[PDB]
Every structure is written in C-alpha cells, then in structure tokens.
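Given next are the chains, with one letter for each unit.
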Amino acid sequence: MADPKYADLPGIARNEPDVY
Amino acid sequence: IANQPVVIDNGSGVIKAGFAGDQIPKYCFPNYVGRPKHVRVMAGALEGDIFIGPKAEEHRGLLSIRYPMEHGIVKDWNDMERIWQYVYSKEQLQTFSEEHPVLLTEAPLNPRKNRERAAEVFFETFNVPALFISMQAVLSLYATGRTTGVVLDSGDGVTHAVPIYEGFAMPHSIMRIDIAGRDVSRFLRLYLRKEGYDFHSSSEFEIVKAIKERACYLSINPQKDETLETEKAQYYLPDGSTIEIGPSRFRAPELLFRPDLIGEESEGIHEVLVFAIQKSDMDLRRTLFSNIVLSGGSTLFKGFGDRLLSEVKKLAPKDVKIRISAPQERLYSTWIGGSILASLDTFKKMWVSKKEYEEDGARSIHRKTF
Amino acid sequence: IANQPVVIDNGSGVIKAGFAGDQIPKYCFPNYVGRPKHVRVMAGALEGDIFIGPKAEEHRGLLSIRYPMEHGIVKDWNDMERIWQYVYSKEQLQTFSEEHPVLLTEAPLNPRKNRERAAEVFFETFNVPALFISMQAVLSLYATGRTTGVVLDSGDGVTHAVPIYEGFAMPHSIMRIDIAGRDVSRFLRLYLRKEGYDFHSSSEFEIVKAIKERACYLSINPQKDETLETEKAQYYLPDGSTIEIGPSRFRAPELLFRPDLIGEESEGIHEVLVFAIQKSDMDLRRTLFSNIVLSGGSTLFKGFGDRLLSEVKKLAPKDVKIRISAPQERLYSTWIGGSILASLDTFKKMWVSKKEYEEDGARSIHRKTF
Amino acid sequence: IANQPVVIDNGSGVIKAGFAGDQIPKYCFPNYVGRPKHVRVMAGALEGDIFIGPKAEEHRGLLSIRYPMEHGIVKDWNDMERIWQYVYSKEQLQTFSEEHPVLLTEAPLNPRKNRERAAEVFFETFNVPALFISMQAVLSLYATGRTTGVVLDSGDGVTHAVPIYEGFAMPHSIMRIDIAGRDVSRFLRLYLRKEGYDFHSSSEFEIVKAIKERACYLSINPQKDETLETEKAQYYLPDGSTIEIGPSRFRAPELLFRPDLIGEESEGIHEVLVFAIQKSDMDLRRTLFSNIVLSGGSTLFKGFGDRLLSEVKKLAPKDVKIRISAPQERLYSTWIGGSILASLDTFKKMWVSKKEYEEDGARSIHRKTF
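Chains as they are written, first to last, in the authors' numbering: chain d, 1 to 20; chain F, 7 to 376; chain E, 7 to 376; chain G, 7 to 376.
Treat the hints with care, as some may be off.
[Said to hold, decoys possible] Sample of chain F residues with no beta-carbon within 10 Å of chain E, all distances over it, derived:
no., residue
1, 8
2, 32
3, 184
4, 271
[Said to hold, decoys possible] Computed list of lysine-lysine pairs in DSS-like fashion (alpha-carbon distance at most 30 Å, straight line):
no., chain 1, residue 1, chain 2, residue 2
5, G, 200, G, 308
6, F, 320, E, 81
7, F, 230, G, 355
8, G, 200, F, 119
9, G, 320, E, 238
[Unchecked claim] Reference excerpt, derived from the structure (chain G facing chain F, CB under 7 Å, subset only):
no., residue
10, 118
11, 119
12, 178
13, 271
14, 274
Think of the hints as simulated: they come from the structure by calculation, not from any bench. The C-beta atom is built at its ideal place from N, Cα and C for all residues, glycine as well.
Using the sequences and the hints given, assemble the complete structure.
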C-alpha cells in the first residue's frame, strides 16, 4: 500500500515449531 | 453533533493524523517544531518563522529543530499546541476543530498532569465537542482484529509491553522503559563521533536517524560479532561525503537489549516482554506467549524479531510455543485501531464530552480512560 | 565452649547484629550488596568492588544495589554469605565465628530448603559451635516482657500474625502475606511516575524508601481523602531538587490494608490480625484481642494504629475491648528479645550444636525449632 | 627495560614535555611547524627549513605557521611526527626514543583512528618499548591529590567536563565541545577587523593570541556591558603601532559561554559543567558540585571563575554548596599529574608494551587506555 516505510520479506511472524 | 471523528496518533518521533474509517493515515509527518537559526536579510524568504511537517523536512539546514515530546511526555506545551493547530490547519486536514470528535493517544503510565493539560488544550484553546484518550496496545490489537495479545511496542520515545487477554488489560502487569528509538539514534551519534564523523546540530541530528533507519541490523550473537572484524559498509549524505559506519551499525541497536551501554540500568526489550507475561496470572501465561504482537518503528531493525525470539527462548520456560507476530503495517498499527475504534458505535459512550468536562473537570477524564 | 553468643536479626530490609545481654543492637545496617556501576580509571579508588553497610549508604550513587532477600526468602546465597561475613569482620563486630554460638531469626512459614541451607552456611562455611533459629513473634513478646498476645509485625518483606497465649504459639492460627515495606516502596515509586518524578535506577530506589519513611501518613477514612483535593506538600531530595509528592503520599501505604491496588488478592494487615484471632480457639479470642503487639518498620506510619483499631472495630464482635500495644523500640523489638533469649540459662538446651548437626543433619534442626 | 619514563602532554596550542618525578615541565613550547615564506638568497642563513619551538617563536615573520592539531585531532600527521622527533632530539630532551617509556595524553571522545595512528608512530617510526595514553581529567586530579571532583578544562583545542567520583570516571556523562581558545582567538581576530585593525597572515595570527591572553575580560552581566559605552583601552603591538581595542576585548571570550556568536549551536562551558553533573546519578551530584576543578589556558580570563559560579547558581538546584577550585599552575596541571602517574609502580601494569602491540595490534591499545 501507499506511504514511505515498509519491510519486504520479514514475514508476519516468527514461530517455534509445534511438537506432539 | 456526531461528525466523522479525527484520529491524532501522538508520539515523540512521528505524529499520524486523519479521519475515521480509513485504511491508512493520509497525514504522516515528524513531530517537531522548526525555527530558523539565521537572519533573513533578503526579501521573499520562507514566511511564518515556525516550520512543521514537509516544509521543515525540506528546509532542515536553516531550522534549529527541537522535539516537544520526550518519552511520550510533552515538555514544551506551546510547541505541541502549534503542531496540533498545524494538523487542523489548511496545510494538512483542511477542517475545523469544532466539527469533529477527537481520538488522542498516549503511552501508558505517563504523568496525569500531562493528560489533564492535554485535555485543557483540546477543550479550551481548540473548541472540541468530544475527546477520548486511549492506549497503544489496545489500538494495535484492534488493527490486527485480535483480543488476546502482549503488545511489545517500540517507538521513538517509549518501549513497553501491556498484556491484554480477551479484552482485559492488566494495569499492574505493564512494564515500561524510557529507552527507545531516539536514545538508539543518540547512541549511534556518539559512536559516529568515536569513529570520526561528528554531528552536533539539531538539523544535523536527523541524518543520524536516516542512517539508523537504513543501515542497521541486530546480530544474533553479539560476542561472535565482536570477536570477528566487520566489513565497514558505506553511506552517502545529502552533502555527498561518504561515511564508513563500521561496527557502530550493529552495536547501536544493542541499547534496546542491553540498556547498560548508555549507562542506565533498565530491563531491556526482551526482559520487559518476559516480565509482562510473568507479572500476569498463572493460567494466562501460555496464551500470552502464543500471542506476542510487535509494533512501532524500533521493531523494524534487521534480525530484530529473530533475536527477540532467541531471548524469549533463553528466559521463558522450556517446551512452550513462542509466536512473535508482527503485521505488514507496524508503523501505522496504532492509528488503524484508533480509526476502527472511532468507526464503531460504542465510541460515542466512551468519550468525554465538552459539557461533561465543564461540569466535572479532570476527574471525569481520569474515570473514563480507566 | 560457652562464650557470649551473637544475635543476628535477619530481614529483607535491615540486618541487626550484636552480642547477648545488651540493651540495644549496636550494629544495624541495611541488608544489601552494592557493586559499582562505573569504570574505575584512576588509582586510589574504593577497593574491593563489593560494598555492604555504611560504605554502601555513603556511596549509593556509584553502586548498583541489589537485595539478596525478598519476603524472608533468600534468592542469592552468595550475597547473604558476604553480608554475614561482613557482620563478623573487623569493620563491625571484631570477632571470630568459631568462638560464639549464633542466634538466627527467620519469618514463619518460609521454605524449609532455605532453613537447611542457612544452617549449612553457619555450620560449614563459618565454623560455628552452635546455631539456633527462632521466630520473630516469640522474640517480640520476650522484649515486651509479656507471655500472652497476638504479634502483628510488618518488616520490609513479610507481614504476619502469630497468636500466642501464655507461652503457647499456635502454628495453625498463623497468617502471612508477602505484602510489606518493600512492596509499599515499590508501589510509591510507581505512583511518583504517575505524578511525574521517576526513579528507575537501583541506587535511586533508596530515595523512594527515604520519601516513604519521612513523608507518608495513613488516612483514617480513604473515601473522604479521595473526594477532597490534596495540598501537595514538598520534599527535598539528596541532590537539592524540590518535589511536590501530591496524593501519592497517603495512597501509597494503603497497600497494606488494600492489597488489590498492587494486583495481588490477599487479606491485608487488619484482616490477617482478625483472621489469626478467629482461627484460634474460642476461649482465647478475647485475651488475644486485648493483647496485640505491633512490630517491624511498616507499623511506624503516621496514623497506622488509629486505622488498625478502626478496622478491628469494623470486623470484630461488638462490645469487645481492643488494645493495640506499641513499644518505643518497635524496629529492634525482635533483636532485643533475642538478646534476652540468649542471656537466659534455658538457651543452652534449645540450640543445635555442631556435633549434633554432623551426626543427624537437617532433621535435628527441624525437630529443635518445633 | 624500565628507564625514567618520558611525559609528553599533547595539546593543540601548547605542547609540554620532560621526565617523570619532576616538579614542573622543563620543556614547554608551542605545537606548530613554521616553514619560511621568503626565498633565501644570501648564504649563512637559518638551515633546515622546518622550524619548531623557540626558533619558530623568535622568527615568526619569516615562517608560514600552521598548526597540525585542531580540537585535539591531528590533521597533518607528518608535522606531528616532526614535532615528536624535535621533542626527542638534542635541541630539547637529549635522549633516545628506544630507552624510555612514553606517557602520551589525549582529550576524551576523540576519533579512534587518530589513537591507532598515534600508537603506530610511537611503536614503529620511533622504537618505543612501552606506550600509555591517558585522559586530561584523571591526570589533573592526580596533580591536586584528590580523587573526587569534576574537571572542567579549556585549552586551545577542546573544552570538556569529566565527572569523577572517588576514582570512578563515568564515560556516559563526559560532555565535550569544540569551542576552546583557538576559536576564541579566531573570533577575536574577526572582531578586530570589525573594529578596523585587520590581521590575515599566519605569523600575524599569533599577535591576536597575545592580545587575547593580555587584554581581555569576561563581564558578569553581558547585557549591562552592552548598554554601557567602552573606554577603548590601548595595546602596543610587537612592531610599535598602537591599537585601540574597544568592545572586541570583552565580547571575544564570551564565545566560550555563548557558542551561538560564532554560528554553531553547542552547549557552552557553563552548560557542559552542569550537564556533566546532571548526567551522573543522584547521590553523587552534591559532591560533584562541591568539587569543581579548573584547568587549561582559556580558564585564565579576567572574571571567568566569577561568571562560571553565577551560571552554576542560575542553572543548578538552589541551596547547594558550589566550589570552583583550581591549581596555581593551571597550564601545568595535566603534566604534573602525568609525571606523578608515571613515577608510580602501578604504571608498569597500565602501559601497552611493544611486544604486546606486535602480537595483538590496535585492540590491545583500545583494551588498556579505556
């Protein structure tokens, strides 16, 4: 979208893997 | 009188403005008043003698800049009145203060005197029909669409972490520091002088912010980066003179994690996030760990969220699912939630009207916010 | 080897020390281990790098103060070992640990692991011939000269009520909260940030304790003080800067009676005192109401006993004579009783000898205390 | 190899040298390299064509003077190498560089590249066995005999206030400004052109320094002196022609307190002294105000110490004991402390040896200075 500052390819979140 | 209300997202670094029910703020400009250093001999000069917004960004070199807000606490009240007047004026909004209700923002655990004097400005000097003051964390969660969430924010003035769970903000679990983007930029400036390149003026200070925004990253292991020798990357000024930054680019944002570098023992960003989850009740901790939301400008460093994960893995209990979420629109997250909050029909009940302010005073404003 | 035994009244805030059969503890100093915040460049600086006692009180600004003991539960054992080593050293007592038997104090209902590790320190690291751990409430009654009475005390860590009747301590009628002087000082600090004046640093925390000690008073009716507007009395810091404290000075010590303000649903001092009298047997309640002994540091607030009476009048059965006794030397009441208990000829039978500890271990210490 | 070590007090205006354990530096000469403007036709002339020390002071008019060091930062490294070689040569010291260890001095918060290049010169061009770089503030306190106190200094290069409490220099409270004696002398010259008596040549520049040293004074109230009309007192030049100085004498050293006159928004001496004290922790501030040490040549203006106190009374908190102490030999303060520091037995542990430099490099020098 429009406006000066964005970050491209950080991702929405960083998550640990879910174990059983 | 229920017109389309205005959303003034305050902050020491940047001030966002616009109307309710919009996707993104149309009016974003940095929060400072610029006044000229030099004498105007020649006629046909830049009139007014007070510069706010894009004029001040364009003509930095002339203007002795000074920030009215430090750590979400307005020091110079005359300067903020001029900025809020500039926001309302024809150069930005093109509307009167009398028509629209106002949505103001503040950091949590601020001085109550500043909140009272803020209300005084909007009700007396400007003639506002209704004012409402809100938190950053509650607005960030409105923008995402969640209810559960720990909001680790990092603006220019303040860093804090309010743990909300299913629409229940816990006021005593709030952890706050006065270490943030401005102090990192001030710490980078001090390093650049130790490297060689000196900057001292207030117009010259914003170059250091631009270097900090562009060329800075957080090392995953700082001891490993210390032992190794850096590459020394370059940067071009508006002048054109090249600057070898060196190790100061990675050591600058370490102020956020190690606040002992500036010489002021605080918790740190990662410790504030853990302490906020720990101060809350036992059964709420695992849900608060799963919903960690990021916001503000000082979360935009390269490898910030990766390091913030690793610090939580070090501190928090083992075998727990950590999820540090962070939307695409982190800078305008607080404004978007305010625009969403303003558009809802419940907004009419929450605000403080002018009639209610004239009758009661400051006590009614303190009651309605909490 | 029956030398003059040493009484060490432990506590989170302050640590009193001295010999048995004395009128007042000669050696009182605050229980914390300060270590320097800055880098010593020049030679002839303060040597050692670990500061306990009056040197720490003199050079607060240099040292990052941290307490080893919270709520009568030692967290950092290495710091408490250094404090006890400082007590015995030539700067204070001028004696060896090998000569004198030790009288130790601990809060009731503490972790047994801490009591075992306390004994390990005194028997093995120091080479004490005989140790004896005792309760604070029993010693306070020894100092007054009574046998009967409930003992409400309020140190820096713990607030507890022990109902005792003619030398019969009732362990099941004991009440306890982890809400005391330190939490009141922490709650005052948070309130001063809401006023305006922040004291984030660890050395700067000691200024908040000094404000709490001097400029605080407990109002009788809290709702009446909330409706009325305060005068905002002044206070001078160690630097010289003036501070209007405002309504925080009276609302801060209210934590003791209302622990829902900090966000920790507990009983409160006045409820604990009534609960301890109620949980005891029916025939003892009226004698326990008449004999109520105050002790510790957080009983020294202005209008504390007046409010405590009013709260007992509210809760207790009607037409019952209440009497909240308060000695002159309330802070040293726990030590004075220890010095009295140490001076008695029965003391030789109560203690745990070194030979007895080497044979049995922790089980003998658990048996002899109760 | 532990010979009687050499002290080289480095400075932009003046450079002072000698040996350890001496009362006063025997070898004080100005830090510049004069080179002849005119052509040498006749034989039996001044040989060498590179003049340093008393020959350069004697023959000013011949030589195009240029200072290698500006603001404690050498620009022309070849000239400083020639000055250091002249110090060691038979014209001044009469010693070899290989025998004695070196005590060099530098201002705080300088470029680290200059510090490495300084070390390279002493270790490789000269063959020094051991080198040590130190701060001017720490040495001034060694000279006086104290450990506590702020060291305000003002030479020809830099003005900086370093707060040190009981041998603990606080690196994050070190204030610095590039507004010292050279900028005052440059500002005096510009004023004398406004008066009428212009100066342009480099040999002719040192006459302005002589005018600055002799006929100048700092008034208490600058607005009162501005309203009043000056007497226009005289001064005779080295030629013989008289100069009526006028208001240029008193307004010239005002630059140190008002840096807006030259056109550079900085703190000023009086603000730097207060800011350095304010940046430190609360408990150390009152002791830092009681111990203020002056140093350098630009503290020798008439009514400077009286103006400093008036400015401290204005800025600092009320009812605080201010005391601006100073040595008798304010110019030789930093050297005497270095000579004291050099003669101590600990000095062997502090320095960077030649073997240690050859192994590690610049990192070992950055590990030993700070």
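* To do: Would you list, in rising numerical order, the hints stated earlier that this structure does not obey?
  => 3, 4, 8 and 14
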